[PDB]
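First comes one chain, alone, set out as structure tokens in the form deposited without the ligand.
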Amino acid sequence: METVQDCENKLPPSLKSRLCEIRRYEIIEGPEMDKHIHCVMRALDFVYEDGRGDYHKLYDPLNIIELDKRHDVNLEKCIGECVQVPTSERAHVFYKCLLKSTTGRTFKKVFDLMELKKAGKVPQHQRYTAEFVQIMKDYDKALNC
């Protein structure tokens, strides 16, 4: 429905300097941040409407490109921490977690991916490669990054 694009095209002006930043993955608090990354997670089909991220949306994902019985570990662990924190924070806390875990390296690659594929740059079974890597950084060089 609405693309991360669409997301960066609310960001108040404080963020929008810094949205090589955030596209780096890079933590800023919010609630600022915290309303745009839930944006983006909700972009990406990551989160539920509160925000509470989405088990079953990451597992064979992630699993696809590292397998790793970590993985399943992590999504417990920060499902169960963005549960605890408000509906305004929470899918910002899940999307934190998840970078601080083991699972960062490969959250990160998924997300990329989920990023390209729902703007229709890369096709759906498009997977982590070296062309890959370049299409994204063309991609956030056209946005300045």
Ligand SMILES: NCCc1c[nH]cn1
Given for the second form:
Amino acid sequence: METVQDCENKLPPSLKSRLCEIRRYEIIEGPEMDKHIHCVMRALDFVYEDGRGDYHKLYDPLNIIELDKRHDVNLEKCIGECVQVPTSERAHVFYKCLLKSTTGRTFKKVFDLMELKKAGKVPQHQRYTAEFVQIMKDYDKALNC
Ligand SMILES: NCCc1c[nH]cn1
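What does the same protein look like in the form deposited with the ligand bound, given that the last one was the form deposited without the ligand?
All chains and molecules follow, beginning with the one already shown.
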């Protein structure tokens, strides 16, 4: 599997210099970002190959971090939205939609946890704890972020 790190390494110079924005989930539009977000959402296994959000990769993890009937509603909304867009762009629309919804703040936790869990920096059962926040801070620091 290509990793999030591999995606970042292949960013065009124009986007590498905005890596810290990207890793803070700031939205940046345009076709190279459409490509990057597809890459990372694939790497963390959140979307299908055409870029469609996978309800089942997120419903449980979202609810375990923070139980909320809105996660269901938001997933359906954002999947509905991404399916209406060209595939070149379907991962990024899903991601943007999720971040703009009330589920956004919990999605960022699930994403951060999955990234570090795959990188072997934390155990598979790692929760979003104070220690985890510090672990991610140190992780980003080594990336110049
Ligand atoms: N841990 C956040 C990495 C990221 C967020 N958005 C894109 N890449």
